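This report refers to the structure that appears directly beneath it.
All protein chains of the complex are present and in place, except for one that has been dropped.
Going by the order they are written in, the chains are A and B; count residues from 1 in each one.
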Amino acid sequence: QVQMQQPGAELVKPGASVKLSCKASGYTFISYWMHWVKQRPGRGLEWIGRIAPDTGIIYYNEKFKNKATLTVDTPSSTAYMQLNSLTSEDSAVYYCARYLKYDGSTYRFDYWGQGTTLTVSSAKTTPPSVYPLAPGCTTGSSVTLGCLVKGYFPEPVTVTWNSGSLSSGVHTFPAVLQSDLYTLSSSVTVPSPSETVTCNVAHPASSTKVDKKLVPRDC
Amino acid sequence: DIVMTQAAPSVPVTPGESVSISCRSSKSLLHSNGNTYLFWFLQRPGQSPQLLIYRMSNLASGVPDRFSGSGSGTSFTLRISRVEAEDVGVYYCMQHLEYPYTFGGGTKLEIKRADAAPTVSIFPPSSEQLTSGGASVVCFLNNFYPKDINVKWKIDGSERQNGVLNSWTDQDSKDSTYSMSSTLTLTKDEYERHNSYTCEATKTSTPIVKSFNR
Partner (left out) sequence: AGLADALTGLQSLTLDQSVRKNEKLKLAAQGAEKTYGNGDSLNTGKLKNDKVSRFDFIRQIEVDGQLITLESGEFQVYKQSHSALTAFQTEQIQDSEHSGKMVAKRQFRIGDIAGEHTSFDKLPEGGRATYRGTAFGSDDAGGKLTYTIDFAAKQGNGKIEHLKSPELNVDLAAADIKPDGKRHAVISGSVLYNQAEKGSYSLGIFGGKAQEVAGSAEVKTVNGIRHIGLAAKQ
């Protein structure tokens, strides 16, 4: 029952400071060290540091010496990374991973956090606008339905179809930034009573979820 | 600082074949205790990295036996035996022998699938979109290969290049195919200034168009 709860995303003005949390459950927190990894968009992974809830010794990377401050709350299992004087080069995905302090085990970098998407910009948080897309005809073996998610900020968004029931034939396309706002599209291919298709789009930054039901357009 | 070099940014392999990924270091990863402290990870699109190989040889929990880890002190290799569409992603090698922990540059698995014709779907703007003052025409080109395929937009028989935004997916995990979305965004006045809207796909058919008329 390993669980690494990380916030979906965090938006902060440049030059400020933010605390990123990583809550742990399902394993004995004290015996496991906690590592943090940074991945810039379209780039590789970079190791930031390691915290030890047992002792408190923190091994940093030389690059992130003045940029990161690691803390641990062992009573209520949680790790925190404080980032100060945030610049654009710090907007990235930050993962927390566990690492058993003892050799001899598979419990080293086996479980990872979902990753917090830290965006550093002055723009305001904007919830997405969701539009359904249906054919306007003749239905063959399968049909393609769409969910268009326009005008949101910041990344990411999670698109599911029928609350995860339809997990095959789904194509989620990467977001595109157009005039400082994000647009995304999703397609579902479903074979042609009690059947319905609905796209649920969740924006973690605005803590919102919009369900749009795919219904035939008026003809 | 231990430098981990992944020589190949990308690596090609036809489906069903076998393939190797090379990782190199600056110091030997063999500690005095005898364990070679090398981790291999796979990152699927939009997902956190998943543990693949620990101690340079041993497979993780619920990971197929087709993955193999070899290498001695400075040169290491990850071998995929019978590549499947699910194995696509970006592979990383990270040392946990000496602080700071250093990751590899990254090697992308690129499956060389047979050429596929995209399925093209064209979606006119929705009602709520029209009441909001804009109009985005959406085009989905699904399940095509190779990635060389581009899209053309035609408004009343004339090509349009302004107002078009393209987004490409990566290799599908059950098809080894690609998908692309093209959004042509216009003001409602411009959308009502024309009649016909056409989306065209430009390597196994030469061509494939889908159009709608208001």
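Simple rule for what comes next: a contact is a pair of C-beta atoms (placed from the backbone, for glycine too) under 8 Å apart; a residue touches a chain by one contact, two chains touch by 3 or more.
S.K.: Have a look at A:3, A:28 or A:163 and name the one touching the chain we're not showing.
M.R.: A:28
S.K.: Which one touches the absent chain: A:69, A:106, A:121 or A:162?
M.R.: A:106
S.K.: Looking at B:31, B:82, B:203 or B:214, which makes contact with the chain not pictured?
M.R.: Hidden-chain contact among the options goes to B:31.
S.K.: Touching the hidden chain in the full complex, which residues of chain A are there? Just list them.
M.R.: 27-28, 31, 33, 52, 54-55, 57, 99-107
S.K.: May I ask you to list the residues on chain B that touch the chain which is not drawn?
M.R.: The list for chain B reads 31-33, 35, 37.
Here, only the chains that are shown with their structure count from here on.
S.K.: Mind checking the centre-to-centre distance between chain A and chain B? Centres are C-alpha means, answer in whole Å.
M.R.: 18
S.K.: In the complex, go through chain B and note every residue touching chain A.
M.R.: 1, 33, 35, 39, 41, 46, 48-51, 54, 58, 60-61, 92, 94, 96, 99-106, 119, 121, 123-129, 132, 136, 138, 140, 142, 165-169, 172, 174, 179-181, 183, 185, 212
S.K.: With touch defined as at the start, can you tell me which chain A residues reach chain B in the complex?
M.R.: My answer: residues 35, 37, 44-47, 50, 59-62, 95, 99, 103, 106, 108-110, 112-115, 129, 131-136, 144, 146, 148, 150, 168, 171-176, 178, 183-185, 187, 189, 217.
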